Amino acid sequence: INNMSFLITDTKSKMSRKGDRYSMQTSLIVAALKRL
Amino acid sequence: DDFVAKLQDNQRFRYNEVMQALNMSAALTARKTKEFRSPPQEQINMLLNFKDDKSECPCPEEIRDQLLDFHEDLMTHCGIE
Amino acid sequence: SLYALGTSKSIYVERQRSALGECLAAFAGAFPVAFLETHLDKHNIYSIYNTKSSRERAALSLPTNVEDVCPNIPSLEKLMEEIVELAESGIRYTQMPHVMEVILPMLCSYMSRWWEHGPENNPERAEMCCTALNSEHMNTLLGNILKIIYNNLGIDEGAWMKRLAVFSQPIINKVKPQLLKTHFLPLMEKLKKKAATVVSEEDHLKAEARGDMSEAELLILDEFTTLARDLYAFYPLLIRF
Amino acid sequence: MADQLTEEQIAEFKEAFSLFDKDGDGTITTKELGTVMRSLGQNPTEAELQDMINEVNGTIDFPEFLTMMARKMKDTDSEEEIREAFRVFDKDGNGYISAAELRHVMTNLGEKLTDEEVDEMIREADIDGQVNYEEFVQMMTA
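Residue numbers (the working numbering), protein chains in the order written: chain A, 1 to 36; chain B, 1 to 81; chain C, 1 to 241; chain D, 1 to 142.
Keep in mind the hints are simulated off the structure, nothing from the lab.
One or more of the hints may lead you astray.
Said to hold, decoys possible - Some chain C residues flagged as far from chain A (calculated, every beta-carbon gap over 10 Å):
no. : residue
1   : 53
2   : 56
3   : 82
4   : 96
5   : 122
6   : 128
7   : 134
8   : 135
9   : 153
10  : 169
11  : 173
12  : 183
13  : 187
14  : 189
15  : 239
Said to hold, decoys possible - Quick partial rundown of chain A residues pointing at chain C, CB under 10 Å, derived from the structure:
no. : residue
16  : 3
17  : 5
18  : 9
19  : 10
20  : 15
21  : 19
22  : 22
23  : 29
24  : 36
Claimed, not checked - Listed below are the simulated EDC-like cross-link pairs for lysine to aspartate or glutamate, each with C-alpha atoms no more than 20 Å apart in a straight line:
no. : chain 1 : residue 1 : chain 2 : residue 2
25  : C       : 162       : A       : 10
26  : A       : 18        : D       : 101
27  : B       : 32        : D       : 90
28  : C       : 192       : C       : 212
29  : B       : 34        : D       : 101
Quick reminder that beta carbons are idealized off the backbone N, C-alpha and C, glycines included.
Isolated chain A (complex conformation):
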């Protein structure tokens, strides 16, 4: 799962290597926590 693909699809309508497969910083749980 690209993980960031959900955020890219969200910011796609508004036009808004080392870490290609996965990244610590963009965890879904911490993303939900920071959005709430």
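Go by the hints and put chains B, C and D onto chain A.
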């Protein structure tokens, strides 16, 4: 000659079941391969380390008995006892 | 052909159902004619039954009947009623494997494509729009997805949860905020109950460690994997809402 | 030739060299310098001959000659050095060794050396923990 032949055969067999049971053993695999990753001089030194108790020797009982019998005969020949 | 593929019940098509569902969703997004809603066909300027005229359409191989051009595909209202009674009647996966793998993603893509032509976006000259789709339909179908995934947390662990999560992404755009209290609260409540159960089980298991914990730690690991899979099926929708 | 060469191959070096024999100095000049190993079986090129003549009164003997195959011992050292590893471990053969398997391959055997593993991961750390056994060994088996 014969003693080393039997010892080598036993070591090969032991390495065989160690490789067979590697995935059951998990952590024990490293400790069982410690014997086979040591230089051959040290391998023989630790295989011949059953003169007094010291069960930390992979040598089986029959091979131990063969070596002990020959050692006793050699001591008798030398006249120690 | 693709709808018959999706609806077909065969062990041969069983392992290829998912790709057929994805292709059907793509076709539903790409197709310019509101095939699900045939009754208001005459308001579609791109319809072959509106352009080709009767003589040429009879010369071609067409059923001449707009309702019967795709007879096997049911109407949008009938599909909505079927999905509504699903997730409410206690769905059994033995008879309903095809639904949440093919039919719902098609409806999701169809709604995402046809919402723009719906009367709600352009209330001017209404009743002449190509489709009768509405935001209330969108809310109803999204609530249906939430209810079915609620029923399917602990049963039938598969990739289709994350699949439906990524397919239903466009739906969330025009949701009312009250759908939170309507469905998300029980859903996240049950997810939190599962999380509390699994963390309590982990705490209990951490006390004991011996030669053979494998027969229990495998089950506990399965619990965490299922919890994480449901969590990734859930948090995209909640985040973006 | 520090005991790394085996008895059988040393013997066949000698039998090839004795194919020309002649008291260890005759018929073994720089003209046959290539012919002896051509008859033995692998082919010396210009690089091989220049490696033979790099440190070489003017007529070789058996000590000098087998000293030359010591530096030629450097050849054919690519697959057999990892053949043992591929036999003993990596049953799947993916090369991406799992987490427990990597604990186990660095479970220190007798030496009990330290700071070398943590040095290796502070110098280089893979990402996707998930350390590659291949990338892990070429660094030493360069």
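Going down the list of hints, with the structure as the test:
1. 53: 38 Å, holds
2. 56: 39 Å, holds
3. 82: Non-interface label on residue 82(C) holds, nearest chain A Cβ at 28 Å vs cutoff 10 Å.
4. 96: 25 Å, holds
5. 122: 19 Å, holds
6. 128: About 27 Å separates residue 128(C) from the closest Cβ of chain A, which puts it past 10 Å; holds.
7. 134: The assertion about residue 134(C) holds, with a minimum of 20 Å to chain A.
8. 135: 17 Å, holds
9. 153: 17 Å, holds
10. 169: Its Cβ does come within 10 Å of chain A, the nearest being 5 Å, so this is violated.
11. 173: Contrary to the label, residue 173(C) does not stay out of reach of chain A, its closest Cβ about 8 Å off (not over 10 Å).
12. 183: 17 Å, holds
13. 187: Since the minimum Cβ distance to chain A is about 14 Å, residue 187(C) lies beyond 10 Å and the statement holds.
14. 189: 16 Å, holds
15. 239: Not fine: 5 Å to the nearest Cβ puts residue 239(C) too close to chain A.
16. 3: For residue 3(A), the interface hint holds, since the closest Cβ of chain C sits about 9 Å away, which is under 10 Å.
17. 5: 7 Å, holds
18. 9: Because about 5 Å separates residue 9(A) from the closest Cβ in chain C, which is inside the 10 Å limit, the hint holds.
19. 10: 5 Å, holds
20. 15: 15 Å, violated
21. 19: Violated, because the Cβ-Cβ distance from residue 19(A) to chain C comes to roughly 18 Å (cut-off 10 Å).
22. 22: 13 Å, violated
23. 29: Holds, because the Cβ-Cβ distance from residue 29(A) to chain C comes to roughly 7 Å (cut-off 10 Å).
24. 36: At 9 Å from the nearest chain C Cβ, residue 36(A) passes the 10 Å test, so the hint holds.
25. 162(C) to 10(A): 16 Å, holds
26. 18(A) to 101(D): 24 Å, violated
27. 32(B) to 90(D): It holds: about 18 Å lies between the C-alpha atoms, which stays within 20 Å.
28. 192(C) to 212(C): Roughly 30 Å between the alpha carbons, so the hint for residue 192(C) and residue 212(C) is violated.
29. 34(B) to 101(D): 16 Å, holds
Against the hints set out earlier in the document, violations occur for numbers 10, 11, 15, 20, 21, 22, 26, 28.
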